[PDB]
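This document opens with one chain alone, in structure tokens, the form solved without this ligand.
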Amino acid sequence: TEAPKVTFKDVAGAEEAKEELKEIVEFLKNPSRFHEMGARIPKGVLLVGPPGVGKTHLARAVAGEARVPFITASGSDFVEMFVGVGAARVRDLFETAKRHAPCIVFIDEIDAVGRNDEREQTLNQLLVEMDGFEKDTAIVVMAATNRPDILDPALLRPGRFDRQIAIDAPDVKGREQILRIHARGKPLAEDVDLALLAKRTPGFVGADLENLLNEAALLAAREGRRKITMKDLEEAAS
């Protein structure tokens, strides 16, 4: 019931995405206004971009910026459940979401569902739940993927995820943020400059930054060293 603490001011980069999401935010902040105005918002937004680019974080920031609940679920989990259970769970998800107007329902790993009885049954239920939305339903469904081209076309038809928003690799601030988060718990030498590390890793995604630190940690750990140095980070980079 408590909206996330994360807001747009906490999201580095994604400047274009934020612009395109302004409309969703304003709707979530005052759904009654858009209803009375007879306006019409998507209700289905797909964030497109590579893994470790901050897609989930941004979606959470939308709920935070609008100070509205952020209800999460995983397409992966749904499909892992017994045949029919994933569908039943999809059903439970939207029934619960409807008791919290307005809100954001975020389906993680939509690829698992949109890309086998389990998957199909889960997908058909999601399709039905989305078509089941009335123009008055104060719900915005968000999802994320990097391969929108191999996604079941049905998920992109009008009334569903008919709004896509590109999310590129993190900018220098995004990378620094990712690096600082993953550096927690790792002993760094005084000469370690995470800000410089971010500047010198343009194009890197969350996974690369994570393996860079882990690989630096392993080197220092293997050589029996007590602290990770800037050189270790530079060596682990490639």
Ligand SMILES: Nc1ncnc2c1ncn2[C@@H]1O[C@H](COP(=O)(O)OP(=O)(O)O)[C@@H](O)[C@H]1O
Given for the second form:
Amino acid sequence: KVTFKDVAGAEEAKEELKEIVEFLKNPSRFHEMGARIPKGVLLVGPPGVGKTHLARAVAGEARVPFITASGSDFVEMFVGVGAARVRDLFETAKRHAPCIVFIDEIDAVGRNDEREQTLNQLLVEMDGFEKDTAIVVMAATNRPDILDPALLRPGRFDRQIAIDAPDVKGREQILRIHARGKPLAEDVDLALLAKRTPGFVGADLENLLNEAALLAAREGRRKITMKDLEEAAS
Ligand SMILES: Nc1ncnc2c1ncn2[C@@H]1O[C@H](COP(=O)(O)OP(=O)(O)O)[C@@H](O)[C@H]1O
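If the structure you just shared is the form solved without this ligand, then what does the corresponding form deposited with this ligand bound look like?
So here's everything in the complex, that chain up top.
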């Protein structure tokens, strides 16, 4: 249900992700034209910036499935098991093509037996892509420093899109979500909180709200005021 409309900002990202969108909607068109798409896009940027959200939106913008997983979980699994699932991930994916496959914390694999077996499996799976393969693999990373070099070779994640901290609207949206469940006072202006927290990321905001919630309860107050919010921040 997420489209590029539900994504605040990310001008270039969406621009660069159009070719992908178009392709997923009518892959047969691109097949007939003899055109080849990258099919391996890595979103690079800090945590709580909207990478999973943008990816999901890319699958929605093309009204196609969005199959996810986490390079982190794969590594958490017993050796052999992780690679077994990487296998299951792409198998299921081909079953439901076109669509998007989203591997999160891909540096879990890129950056130990488990980690190696999962990496090789992923690589073989991605190298097994034929032209007629209508799957676009999107991965996410915030630690590009540790990402394994092989993942970035042409044919794999040979395309990257940097993603920065959310804009004023994107900040307001996160605050609004996380504000859900909290007794805000009348003076609370979430739009304003959004305006005066430039640079903040998902965590900075999710936390600020919580800390603002503690000063409230810790002082016995039954409602978080704009003050608490402003204080919680510093
Ligand atoms: N532009 C935006 N519009 C709406 N929500 C956003 C936006 N940017 C971030 N968010 C919120 O912040 C959370 C951050 O997680 P995610 O989008 O997966 O990115 P990341 O991989 O950087 O953590 C999302 O679940 C979403 O609810």
